[PDB]
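A.B. asks: Read off the chains here:
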Amino acid sequence: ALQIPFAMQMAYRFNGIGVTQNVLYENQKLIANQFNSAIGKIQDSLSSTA
Amino acid sequence: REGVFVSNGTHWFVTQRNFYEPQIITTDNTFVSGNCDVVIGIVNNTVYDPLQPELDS
Ligand SMILES: *[C@@H]1O[C@H](CO)[C@@H](O)[C@H](O)[C@H]1NC(C)=O
Ligand SMILES: *[C@@H]1O[C@H](CO)[C@@H](O)[C@H](O)[C@H]1NC(C)=O
Ligand SMILES: *[C@@H]1O[C@H](CO)[C@@H](O)[C@H](O)[C@H]1NC(C)=O
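As given, the protein sequences belong to chains C and B, one line each in that order.
Start counting at 1 in the first sequence, then tack on 892, and there's your number in the deposited numbering.
Start counting at 1 in the second sequence, then tack on 1090, and there's your number in the deposited numbering.
Keep in mind that the hints were calculated from the coordinates and are not lab data.
You may find that some hints are simply not true.
Chain C side only, calculated, beta carbon under 7 Å to chain B, not exhaustive [stated by the list, open to error]:
#, residue
1, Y917
2, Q935
3, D936
Simulated restraints on C-beta separations [claimed, not checked]:
#, chain 1, residue 1, chain 2, residue 2, range
4, C, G932, B, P1140, 44 to 50 Å
5, C, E918, B, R1107, 40 to 46 Å
6, B, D1118, C, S939, 49 to 55 Å
7, C, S937, B, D1127, 44 to 50 Å
The beta carbon of each residue, even a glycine, is placed where N, CA and C say it ideally should be.
Please model the entire structure based on the sequences and the hints provided.
C.D. replies: And the structure:
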C-alpha cells in the first residue's frame, strides 16, 4: 500500500473516466458534499425498509 | 499533465505515478486552469518556461 491524499486519489479516479483532474479540485467542496449526502441516502434506504 | 507533483524537501518535481523519475516542472509538463484561490493545498513554486531562453536569443 502506497499512501496518497484522498483528494489526489480522486483526481486520478477522475482522469480514469476521461474528466481532467482540475474539474475535481475546482469543485472539491461540491463533490465532497454530494458524496457525503449520497452515503446519507444509503442509511435512509436501509433504515426505512428491509 | 499526467503525473504527481512531489518534493524531496527543498525542490519540487513532477513524476510519473508508478515509478519515481523526477522531472523539472515546466509549462509543457503541466497545464493551467484558473486562479490559485479555488484549490485546497496548492503550493507556491516556480514553473520553468522552455521558450524563454530560446526567444531570448
Ligand atoms: C533536492 O533535489 C535537488 C536537485 O537539484 C538538490 O539540489 C537538493 O539538494 C535536494 N534536496 C534535498 C533535501 O535532498
Ligand atoms: C493537513 O493536516 C495538517 C495537520 O492536521 C493541517 O495543518 C493542514 O491544514 C492539513 N492540510 C490542509 C490542506 O488543510
Ligand atoms: C503565494 O505567493 C503570492 C505572490 O508572492 C503571495 O501573494 C501569496 O500570499 C503566497 N501564498 C502563500 C500561502 O505563501
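A.B. asks: Would you mind marking each hint as holding or not holding in the structure?
C.D. replies: Do the hints match the structure? See the list:
no.	hint	verdict
1	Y917	5 Å, holds
2	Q935	27 Å, violated
3	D936	29 Å, violated
4	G932(C) to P1140(B): 44 to 50 Å	48 Å, holds
5	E918(C) to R1107(B): 40 to 46 Å	21 Å, violated
6	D1118(B) to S939(C): 49 to 55 Å	53 Å, holds
7	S937(C) to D1127(B): 44 to 50 Å	37 Å, violated
The structure fails to meet hints 2, 3, 5, 7 from the earlier list, while all remaining hints are met.
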